[PDB]
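Presented as structure tokens, the chain that follows is alone, the form deposited in one PDB entry.
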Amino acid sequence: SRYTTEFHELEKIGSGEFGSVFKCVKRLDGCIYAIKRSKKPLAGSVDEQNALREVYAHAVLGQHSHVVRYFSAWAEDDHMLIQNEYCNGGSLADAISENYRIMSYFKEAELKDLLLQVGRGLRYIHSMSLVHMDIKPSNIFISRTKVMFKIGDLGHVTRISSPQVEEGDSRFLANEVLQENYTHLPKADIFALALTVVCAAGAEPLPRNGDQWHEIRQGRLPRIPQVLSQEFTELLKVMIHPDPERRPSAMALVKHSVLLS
């Protein structure tokens, strides 16, 4: 196969219903890549159009330092393979879990660094008239050696002015998207990013539904166990404002005083 011929598989680094991700060395350049290998989705299914959204997003998206670089995608032997940039820091989700294990944490400065960098990624995507629609720790990836946060997993990417919306994780989902209101989709990414940072700040696991789910959608910031400045807190707070029009845009976010620099 092209997979075996072009690459040497080093180790499986991720698995799940989405398939599996392998750390691979490309024989030609000797560089490390992350390759997702999954069953070729059923024609007409959500998994197909999910994969369609991923591959067709890079047709629009160029290279950006806060978006995981895409190299190629192909199908063979009833399997689909996507070759991406390898981020040696793994996902933000794993980093959060590792913090919990060894009792470390992200300092307030590091949290603002995370917000700004992913903010820069969102600004570019939005400027291409696209929206990510699934921003969460597991979809944020880390490159080190000196720390670069990159947006990955474009399986939910869709147009701004042509809304075809497949909802993302309910834990990060803005209420207006649930209400089938797609007039301000960029602000949905902003909403999810705030909760993503709140996750990195060491907050308890976000609710999938129920009471405290609604309280968050009311604009209530989840309890954070560490001391953040009231100014950073208020920024995160407005990012989850019930009115998406009061939430800052991505380009307004990256220009914000508390974040710079």
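Numbering follows the first chain given and starts at 1. If you superpose the two forms and keep the largest set of C-alpha atoms that fall within 1.5 Å, you have the rigid core. What changes on going to the form deposited in another entry:
- Measuring CA movement between the two forms with the rigid core aligned, the set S72, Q164, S129, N99 has one residue at 2 Å or more: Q164.
- Superposition on the rigid core between the two forms places the CA atom of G44 2 Å or more away from its counterpart.
- Relative to the superposed core, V60 undergoes a C-alpha shift of no less than 2 Å between the two forms.
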The other form holds:
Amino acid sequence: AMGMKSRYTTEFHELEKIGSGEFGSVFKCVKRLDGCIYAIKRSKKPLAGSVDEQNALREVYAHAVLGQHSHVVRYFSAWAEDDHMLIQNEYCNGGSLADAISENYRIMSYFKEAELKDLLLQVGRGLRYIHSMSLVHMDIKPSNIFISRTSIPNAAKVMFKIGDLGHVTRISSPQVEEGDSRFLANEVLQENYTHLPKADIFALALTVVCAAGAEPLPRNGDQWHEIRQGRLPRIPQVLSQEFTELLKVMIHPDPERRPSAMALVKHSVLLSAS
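Target state, the form deposited in another entry; input state, the form deposited in one PDB entry:
There are no partners or other molecules in what follows, just the one chain.
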């Protein structure tokens, strides 16, 4: 809890809690001076000078570098007070893709093919930017993709944004902190980091597979290995042959054969979503 003269309490009116972690939570808040809603994550402050601090500050640094892109979550501010570290990001009104999937699942639905191409194109724009900046996300998965649904009053919209930049690292990085095992490419687990950007492409394909209604992905075991041999998880729908082949080459066992994020966004299959 924060003090009543904290920056957090004075400058923001806290609304709804919107997420929870081990040592923190996320609130939907209004900033009093501008009237706009933000997501503010407040976590226990990492020990100053520690490796945990290093990892926390890397996230903020990634945000500061990447957050200008239209398909990466905007960052506004970060600070520390009351033994908490705070990050104020844009609030995304549709929650994460994991939340949108779970809502879909509850009503016996899924993203249909046109929605999946839209997802894939938009997050791939996101990755193209990240990779152009010599960075890799390393943790692409539905819970780290955020959704904003907007209405434009005076046109003469659903946006997917990459968030949770806590695993972002540079392309040539010799150590890599692995992301979610359900989405982790085999080469990264083996500690081959020659083609890091293609680990994000792999994770994105599996993320679109989850959007498309696949069952829970394995964290380990024979099914996990089967996926890493290049076999797509089963989905409860029949997608076009061309779109299925895009997804499948995105999980190719050789990273070099997976599309770049650039090739991805230029792909003829996704021209229908442009």
